[PDB]
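Participant: Below, each chain spelled out in residue letters.
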Amino acid sequence: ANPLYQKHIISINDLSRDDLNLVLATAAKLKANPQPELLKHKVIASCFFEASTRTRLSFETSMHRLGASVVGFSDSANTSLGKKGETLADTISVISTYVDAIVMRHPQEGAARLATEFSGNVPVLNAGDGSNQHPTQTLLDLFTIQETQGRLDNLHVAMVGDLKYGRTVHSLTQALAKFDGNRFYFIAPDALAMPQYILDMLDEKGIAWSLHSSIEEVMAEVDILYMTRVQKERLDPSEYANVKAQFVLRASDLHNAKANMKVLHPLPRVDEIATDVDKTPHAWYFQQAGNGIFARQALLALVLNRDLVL
Amino acid sequence: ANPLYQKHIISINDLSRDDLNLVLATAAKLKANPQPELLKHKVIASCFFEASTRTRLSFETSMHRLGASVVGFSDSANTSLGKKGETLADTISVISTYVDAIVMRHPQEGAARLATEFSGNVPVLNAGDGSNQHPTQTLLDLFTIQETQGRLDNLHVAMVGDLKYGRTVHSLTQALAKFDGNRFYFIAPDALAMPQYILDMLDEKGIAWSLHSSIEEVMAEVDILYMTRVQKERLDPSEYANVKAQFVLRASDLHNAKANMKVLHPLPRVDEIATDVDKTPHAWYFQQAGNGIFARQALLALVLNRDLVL
Amino acid sequence: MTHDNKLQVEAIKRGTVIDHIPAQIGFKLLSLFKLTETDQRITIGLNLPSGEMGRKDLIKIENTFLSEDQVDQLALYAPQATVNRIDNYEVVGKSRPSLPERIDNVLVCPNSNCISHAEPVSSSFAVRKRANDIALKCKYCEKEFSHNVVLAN
Amino acid sequence: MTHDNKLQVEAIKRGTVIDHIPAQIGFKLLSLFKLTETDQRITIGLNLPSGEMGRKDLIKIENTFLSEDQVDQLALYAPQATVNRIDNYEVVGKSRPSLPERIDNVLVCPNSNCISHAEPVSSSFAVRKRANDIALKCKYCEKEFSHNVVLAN
Ligand SMILES: N[C@@H](CN(O)N=O)C(=O)O
Ligand SMILES: N[C@@H](CN(O)N=O)C(=O)O
Ligand SMILES: [Zn+2]
Ligand SMILES: [Zn+2]
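Here the protein sequences come in this chain order: R, P, L and V.
The first sequence lines up with residues 816 to 1125 when you count with our numbering.
The second sequence lines up with residues 816 to 1125 when you count with our numbering.
The third sequence lines up with residues 93 to 245 when you count with our numbering.
The fourth sequence lines up with residues 93 to 245 when you count with our numbering.
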């Protein structure tokens, strides 16, 4: 069957360029020609140990669009899981006897990988494990960039905001570094700069990257403007204000932007992108969000259905 | 000067017969002639790590009646409590530098004894530590029996209720066993009977004891009827009710009682003593509670004031 | 050509020597009593036979002798263990671990609600003998358990 | 029978022996690798004379061999330690602990939020040698630290 058949989808790093291409290819296909009965008699577990509505609704919607059945929860004190000392291991050993696939979201970093060792034959798709991995988020980002730019190589990518803790941009930076000729522009306050280990990686692959203090500094060159969330709880309230400065995007900043540029954002944007931007042709965060359905549908189709789509 | 001056009051078992007599004698003296300025310039800490309003107010009132000042907290989840970080040791090492005495209530067994190793010449009085000790409760009990019966020897003591988990009765039994010729009557559902280790102790000292299923089996010879609280959670609802029988007390049951008998109860009597008992001359649980001020004033007086009172 | 004397530069030094320790206990004592943390040498022999169809562990530490009470601390793990202050057999008359009436720092209270667990205090238990058991009473929570419980932590 | 002596201090036979273990690292290996869970005999010596100027530990465990992906596991603790197979020197290559690609079951992830802590799984870290340092990447949380971090905590 297809290369991802019955494979656990835990980390983006475990995904080869080939894999990414196949997932993105499938995504485009299902988008063009939906297959509502593909996974008809399948039952999928949507296990959100840590709540995350949007990601959960996107994931489950994908399951339904393929015809699969869904059961699950949101352990945010809504269930009766692991009260005293009941392990994640035992939970998986149980649930893995009920369903055909487990989609899980957990607060601890290696949850999905652990699940993998107790789910015998049942595939586990990581919907997010603490500060570590979030495979499908990266896939939907790459898909959006590819669809709006027509390729994933030789692009000018700007990433703004909290580049230090936003593991969303770490995963996306590494994903794009598996393609050639990309140039990166990193805009972030000194206290939240891209980590050195990421720059080390870019250097060793000879990829070009530069630091900048403002978006306007490179607005003219950028193909993709990736806006990130800057959590208040991070810095000091006064610290934030002093830096939020322009790591905030406003319609006015797009005066000299490329006709093809798209502004992306992991989503909760309240404090980073002004609504006046929503009207411009560059705003693509809602479309980006909409693409989560195809990337996640493609992933489920690939691991649960032997042959390729069509 | 006095034997208990500057000593820690942690377990009723560390108290010798003479200590009990001294505390009780002091309590009676302060009851007959108050000394409102005895602890005038003292500052005492009322640390209720575990909330216990009744015994807390009783303890604090005792402090004020001797003229001392009070600082403290019923950190019943309403203090900048060590976010499960700061050790009890550190808390005590700090507090012991502010006050002259520490009265503490804690959920864990051994708390007060541990405080003892970190306080600095600052005496610690145990207001209760989990299911272990409650020294002052036994003292007020003993004091109340002595006042009403004129002695603590050659008495007929009945203990009704939860004898398995009611640690106040375990302590009171062991304290009365330090006196001669006492006779015990244990009335409790078989699932909550007196622990064998207690019966072993009594046999070791040749103290006479026996088991009974109802209070009306011994009402005739009892000098003291100690009623215990029975928390339904200790059993299942259907079980509780089933045994509930007569292990509850009501006026009609005291028809053949001895003129001198007093009915005692640690409190929370909601489910054991019917209110039609309150009017009889035998009801003495509210007087019993009122004696807590004297027994606890006495301890504070002894540990913080070198010379005896009256 | 005959080398007379019997010796091979092996068993010679003024240190202490604990022997006839039940198998799978030697390592327990080393760990439990932190004896390998000294700077002076130690000779350890594990699973080295002695006589009957029995097991046997051995520990040899030098330039140091264990106090009277220290020896007893073996009573619970090395019952009837034999010791020998060895400058050259300085063992007193008959030194075999006796049951101490108090055991600290090694046992762990089985009571989960004992204050002793999350605190900077050394564990401490009172010892008393019964039939088919040994009772240990926690210094802190004052609860009593049989050594079979305290040892199977 | 062909074995020939009664040596409780220093002997030989069909068994593996680890050589030149730094002081205070010998007992560590005994614990970390449960080398005393054997039924086979074991003879250890600690804080003994070294290369004419220091101190070292010595571990001799009879009737048992070590492998390549095992001796290596000593790399992070006993680097310059030699391992002479001793069925009677049937050793081949200059057996010295090299850095393994993976180190399992012994290390503890410094990351407190790592799923490995409250679960029935074995620790597992990828190894990468650094200038003046060694990077260990947790199989689970995928966080990377220096052995200096992983060995302290
Ligand atoms: N996934 C987010 C919540 N969110 O926005 N869901 O759509 C979180 O858990 O932080
Ligand atoms: N009985 C309560 C204290 N309290 O307020 N009693 O009246 C306790 O043990 O926590
Ligand atoms: Zn305890
Ligand atoms: Zn980890």
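You may find that some hints are simply not true.
Keeping only pairs whose Cα atoms sit at most 35 Å apart, straight-line, the calculated DSBU-like set for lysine-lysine is [as the list claims (entries may be wrong)]: (1) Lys-231/L to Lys-979/P; (2) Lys-231/L to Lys-899/R; (3) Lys-235/V to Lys-979/R; (4) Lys-105/V to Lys-1047/R; (5) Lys-235/L to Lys-126/L.
Simulated from the structure, these hints should not be mistaken for lab results.
Participant: So, for every hint listed, does it hold in this structure?
Facilitator: Status of the hints after comparison with the structure:
1. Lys-231/L to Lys-979/P: holds, 22 Å
2. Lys-231/L to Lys-899/R: holds, 27 Å
3. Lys-235/V to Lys-979/R: holds, 14 Å
4. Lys-105/V to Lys-1047/R: violated, 67 Å
5. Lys-235/L to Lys-126/L: holds, 27 Å
Going through the hint list in order, the structure does not satisfy hint 4, though it satisfies all others.
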